Amino acid sequence: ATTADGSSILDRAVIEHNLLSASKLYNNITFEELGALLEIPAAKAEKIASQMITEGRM
Amino acid sequence: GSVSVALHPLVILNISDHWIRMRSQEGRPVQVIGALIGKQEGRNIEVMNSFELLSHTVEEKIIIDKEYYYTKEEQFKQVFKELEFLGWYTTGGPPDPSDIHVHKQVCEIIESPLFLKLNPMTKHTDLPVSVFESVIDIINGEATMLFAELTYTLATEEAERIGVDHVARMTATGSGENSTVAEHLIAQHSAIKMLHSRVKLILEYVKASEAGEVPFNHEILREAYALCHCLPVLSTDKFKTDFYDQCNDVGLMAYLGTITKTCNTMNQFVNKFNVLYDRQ
Amino acid sequence: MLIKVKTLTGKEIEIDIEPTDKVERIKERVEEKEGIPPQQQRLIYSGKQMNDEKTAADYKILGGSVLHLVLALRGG
Amino acid sequence: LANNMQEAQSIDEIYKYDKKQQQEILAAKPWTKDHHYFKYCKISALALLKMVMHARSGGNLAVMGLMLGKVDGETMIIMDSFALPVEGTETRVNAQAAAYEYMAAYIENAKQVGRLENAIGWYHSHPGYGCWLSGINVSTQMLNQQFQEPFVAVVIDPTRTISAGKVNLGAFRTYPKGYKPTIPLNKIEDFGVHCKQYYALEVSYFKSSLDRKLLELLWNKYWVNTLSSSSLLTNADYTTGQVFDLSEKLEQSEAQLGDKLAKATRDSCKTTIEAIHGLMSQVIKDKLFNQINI
Amino acid sequence: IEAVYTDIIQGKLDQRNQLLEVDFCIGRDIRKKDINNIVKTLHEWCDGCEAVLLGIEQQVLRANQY
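Chains as they are written, first to last, in the UniProt record's numbering: chain A, 291 to 348; chain B, 37 to 316; chain C, 1 to 76; chain D, 15 to 195, 205 to 281, 298 to 333; chain E, 133 to 198.
Just chain A, with the same shape it has in the complex:
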C-alpha cells in the first residue's frame, strides 16, 4: 500500500534504514547530500530525519 504521499511501505522502510545506517558512517551531513544518497532530496529527507529523532531511533 501507499503511505499517503505515493510512497510504498517498502520504500519508506528502506529509506529509514538507509538513514540509520548512514548515521553510523557520517559525523555530519548536508540535506542535499543526504537526499542524493537515498533519493527524496529535501522535501522529506529533513522530515524523515527529524521524525526518527524525538523517538529514540537516532
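Think of the hints as simulated: they come from the structure by calculation, not from any bench.
Where a beta carbon is used, it is the ideal one built from N, C-alpha and C, also for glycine.
Treat the hints with caution; some may be incorrect.
BS3-like cross-link-like pairs, simulated, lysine-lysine; straight-line CA separation at most 27 Å [claimed, not checked]: (1) D:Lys326 to B:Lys276; (2) B:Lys229 to D:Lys326; (3) B:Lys117 to D:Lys125; (4) D:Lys326 to B:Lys274.
Derived coverage of chain E by chain B (criterion: at least 3 residues anywhere in the stretch with Cβ under 8 Å from a Cβ of chain B; other residues may be distant) [what the hints assert, rightly or not]: (5) 134-148; (6) 184-194.
Fit chains B, C, D and E to the given chain A structure using the hints.
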C-alpha cells in the same frame, strides 16, 4: 602437567600475612609451615584456603604436630563442608632436605600431598610462588626424590576478584615516610617498563627478520608495518587545545590549594607570634 | 575458691563457689560481679557448653578450671 | 624493585603486636571519658577479603562471625576475621549453640599457634539489605559494649557489593542509654529508626610490605588500563563534590576563627595532590606516545 | 563508504570541514629492502620509552630527598 592445580588469590595472602606476623613477633625472619585445603574433581586439584600448623623442633628435625592437626581438621569442617586436606606449604628459597623430610612425614596423612613454596625474600622478578608435586617414584635403592614443578593457574571467585582488585588498587596503606609521589610514579614506571619490554621484543624480532637468520613471514611483517605507521596517535589541533585546557585547569586547582596551605601556615605563625611575643 | 572467668576480649573475673554448688550459683556470682543478665550469658568449659541441669558434683573440674564467658549475639 | 629498601619497611610496624602497650591501654580505659572517642577503624586486607568471600559464599542467606585485633589511641585495628557455623534465614541469624563453642575453641587454637590478638568485634552480612544497624544488631552491640568495651559492629552487603563491583563495609558503634547528641534525607533514611542511637566510623584499609610485594605481581595485564588510564575523567564528580565539602569546611573554619583549619588544609592538599597526580599521568602519556615520529 | 564496508579501513567522513578521519587501516604490502626502515622507527620508539623511564626515576629520587 600431571594434576592440574588451581590456586586462588587467598592462599598467597594467608602465607604473606603469616610470614609478616611471625617475622614481626620474632624480630628476625623465620620459616612458617601450614596446610592447604580444597577440592578434588576427577584429575583436577583446587586449593582455595589454608590454615596455620604447629611444628616442633628436635635438634635438626622438624616434626609436624598431629593432634593439633586433627583438632583443626575436625574444627574447620563445620564452616567449610566440601573442603579436604590437599597439601602443605612453607616459605623458603631453593628446595632443602628439611622440606623433603617434612613432606615424607606429612605423607602419612593424605595419599598425594602437594607442596606449595612461597618466596618472601626473592631477589628477582621471577614468580615467587611455585607449586610442587611430590609423587613417589619407583626408583629403587635410595629414594631419589625431586618434586615435579607444576604450572599452577589463578582460578578465582567473583567476590575474590572484587576483593583482590580492591586491595591491589589500595594506596593509603603507606603515605607516611615515603612520599605519595613515589607510589604514584611507581605504577607508571612499571607499566612503561612492561610496554618497553614488549616493544623491544618486537624490535628484536623485526631486526632478526631483516637480518635473514629467521624465516621471512609476510604477514607478521605487514602487521608490524600497520602497527608502526600509527605511533603519532591523534596529533590534531583540537587535542592540543584540550590538553592545554586540562593543564591550565589543573594549574588553577593547584594554585587554589596552595593558597589555603599558605594561609594555614600564616594562621599558625600568627598564633605563635601572638602568644610568645605579644606582651600579654 | 578462685575460679577464673575469662571473656574473649581479655577481662578477668574471680569467683568463689564450691564444686557441689549449682551452676545457678556461678550465674549469680557473675551477676553480682558484673551484672550481665542471666538470659544473655553463655559459659564454656573444655570446649563444651554446660547445661543448667547438670550439678557439678560429677564434673571434670578439680581446681584450676577456667570458664570462657560469652554474650549471646544475634543479627538482622 | 631495586634502588629502595627491602628490610622491615615503614608499613610493617602496623602488624607488630606489643603486649605491654595493649595492657596499658586496656587498663587506662580512655573510652569512658569522651564517648565520641573511636572514629577510625583500620582493617587488614586479609580480614576484608575473608569477610567479603564468606558473605558472598552464603548466597541469599545471612551469615555472621567475629574479627580479631586491638585498639590504639583513637583507632581500632582489625587484623583477622574467622567465620562461625551459624544457620540463619534470609533475614535473621541466631548462633544458638555451636557458635560459642566454635568461638572459644578457635580462639584457644589460634593462641596455640601464635595468634596474639584478642577478639575485637563481630560482623553480620545483609544479603542485599543495605548497610545499617537493625533493631537487633543495635541491642546486641549495646550488650557487647556494656561489658566487653573494645568492640565494633561491622556490616557487609554481599549482593550489592557483587552487583555494583564495590565493597560495602560499615563500622558502627552504639551510644549508651540516654545519649541524645536540596540536602538529601538519606543521612536519616539509610539508617533504621534507631538512627540517633548509633554512629558510624571512618573505615580504612592497610596491608603489609610482603602483601604489597606479592600483590604487585598479581597480574600482568592491568598495564593497558594504566597507560590508557584516562584520569581526571572518571572521577570529575568526585573532585567537584570534594571541592564543595572543602568550601563548606573552609566556611566552618572561618566562622570558628572569628584547630579546625588543619583538617580543611588536609582535605585541600589531598584533592590538589590527586589532581596533580592525574595531570602528571597525562603528561607522561603525552611524552610517551604523541612525542614520537614528529 | 564502499571501502569502509570491505573493512580495509575504518573511519568517519565529515562534510562540514570536508575531511575523512581514519581510526584504523590495514597494513599494505612491503618490499624486502624497506624492512630496515620500519625497524628504525621502532628503535626510535624504544629509545623514547627509555628516556621517559629515566626521567621518572630522577623525579622520584628528588621527591624522596625533599
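Cross-check of the supplied hints:
Restraint check for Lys326 (chain D) and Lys276 (chain B): satisfied, since their Cα atoms lie roughly 13 Å apart, inside the 27 Å limit. Of the pairs offered as hints, the one joining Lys229 (chain B) and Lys326 (chain D) holds, with about 14 Å between alpha carbons and a cut-off of 27 Å not exceeded. Distance check on the hinted pair: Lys117 (chain B) and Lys125 (chain D) sit about 24 Å apart at the alpha-carbon level, within 27 Å; holds. Simply put, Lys326 (chain D) and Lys274 (chain B) have alpha-carbon atoms about 17 Å apart, close enough for the 27 Å limit, and the pair holds.
Closer than 8 Å: that is the beta-carbon criterion, and the region 134-148 of chain E has 0 residues meeting it against chain B, so the requirement of 3 is violated. Evaluation of the coverage hint for the region 184-194 of chain E: fulfilled, as 6 residues show C-beta separations to chain B shorter than 8 Å, against a requirement of three.
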